[PDB]
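Take a look at this one chain, the form solved without its partner chain, written out in structure tokens.
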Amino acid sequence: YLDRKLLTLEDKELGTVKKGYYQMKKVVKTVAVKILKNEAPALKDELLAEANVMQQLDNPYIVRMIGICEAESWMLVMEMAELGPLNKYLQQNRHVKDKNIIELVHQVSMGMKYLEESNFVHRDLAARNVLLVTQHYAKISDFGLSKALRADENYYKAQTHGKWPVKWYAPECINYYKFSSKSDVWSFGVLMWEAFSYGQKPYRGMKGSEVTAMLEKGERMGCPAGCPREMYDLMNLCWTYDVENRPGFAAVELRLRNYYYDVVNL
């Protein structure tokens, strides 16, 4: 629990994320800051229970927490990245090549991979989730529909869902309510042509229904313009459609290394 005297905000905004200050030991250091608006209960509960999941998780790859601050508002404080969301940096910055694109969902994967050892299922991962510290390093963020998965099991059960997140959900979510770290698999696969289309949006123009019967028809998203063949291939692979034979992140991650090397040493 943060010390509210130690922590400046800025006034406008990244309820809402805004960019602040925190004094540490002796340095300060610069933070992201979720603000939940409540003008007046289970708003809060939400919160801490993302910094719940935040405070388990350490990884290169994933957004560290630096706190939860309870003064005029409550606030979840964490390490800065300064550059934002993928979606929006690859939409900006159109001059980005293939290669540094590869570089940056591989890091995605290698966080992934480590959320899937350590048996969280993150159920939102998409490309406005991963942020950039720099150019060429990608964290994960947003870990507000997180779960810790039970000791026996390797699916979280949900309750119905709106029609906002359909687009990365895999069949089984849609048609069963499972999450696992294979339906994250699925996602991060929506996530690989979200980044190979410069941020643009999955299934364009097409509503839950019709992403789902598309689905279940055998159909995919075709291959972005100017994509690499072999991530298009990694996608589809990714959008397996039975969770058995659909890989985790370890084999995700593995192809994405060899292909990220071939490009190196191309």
Contents of the next structure:
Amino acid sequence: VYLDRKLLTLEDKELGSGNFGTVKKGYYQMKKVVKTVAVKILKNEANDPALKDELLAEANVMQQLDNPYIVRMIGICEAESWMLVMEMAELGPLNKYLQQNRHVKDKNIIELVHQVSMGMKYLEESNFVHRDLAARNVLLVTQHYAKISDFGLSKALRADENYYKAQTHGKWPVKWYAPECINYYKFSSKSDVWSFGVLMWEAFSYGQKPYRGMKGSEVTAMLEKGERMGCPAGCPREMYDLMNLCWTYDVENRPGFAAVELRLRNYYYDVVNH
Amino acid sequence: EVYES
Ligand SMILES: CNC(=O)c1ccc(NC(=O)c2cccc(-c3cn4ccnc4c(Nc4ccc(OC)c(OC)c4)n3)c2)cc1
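Switch over from the form solved without its partner chain to the form deposited with its partner chain bound, please.
All chains and molecules follow, beginning with the one already shown.
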């Protein structure tokens, strides 16, 4: 897991930045080949050191995951700051991509969201809860290959429980959270299925922000009234129904990823045939 | 806008 700073070459341009720190493109010398990487670099100035604890927690979750539809961690490095070195997904965030590529066809969107469900079906099987499943966290390798990223809120489920109980409401992506998450702080894989429904809405809306113009509290209020976001323009009716199914209010009656993935798989096969 | 406390 611990990498050699001499084997890592960084570019000066930041691909992204924020409260987490910055993200940079780089290269890492492997056994023979050189590997293009995305490196999450900690702010350092704003130490905390909560940032360092969550970066190693994120690294610990990533090290346990092995699936084609999940971003692979190369390793961690302690140098100028703590660094999380990941295999680069060249095209970046799905919402950013689709906002700049409105010519992407519905069949291609179905192909990409299906790949996200396959990775989520694997995460569910591994008893990991994602807790930040959103279009911004789906990264594209190519226009036909999506991977799930950002395990900063992820939790390994206890052997005796189906969900993770948070104690306090943190800095949460509320618009992607199921009612049980907001109301009882309970996160299960079915909670991630709810987030998956929102991600699907985002993808078929070409990376549009969900619940536009609304506060999280107004979203919670809307969801309680049994109201849901409308069908995106050009979105197949079968995809919208799958979105509404992911948005089943009661966690007990919501499908799991194996059911969600199967529905997506069969519909993709139908779309491929013409 | 995205992460709310
Ligand atoms: C509408 N706007 C957006 O939605 C929006 C804006 C920026 C971001 N994300 C970030 O700040 C961010 C933060 C931490 C890490 C990464 C991260 C991680 N990885 C692991 C493997 N590959 C990557 C990887 N690739 C990448 C490749 C190409 C890009 O530019 C075209 C690019 O730009 C961010 C990232 N990035 C990203 C999310 C959403």
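Numbering follows the first chain given and starts at 1. Each form is matched to the other, and the largest set of C-alpha atoms that superpose within 1.5 Å is called the rigid core.
* Asked: Given a rigid core superposition of the two forms, which one of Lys157, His136, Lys163, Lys97 has its CA shift by 2 angstroms or more between the two forms?
  -> Just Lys163.
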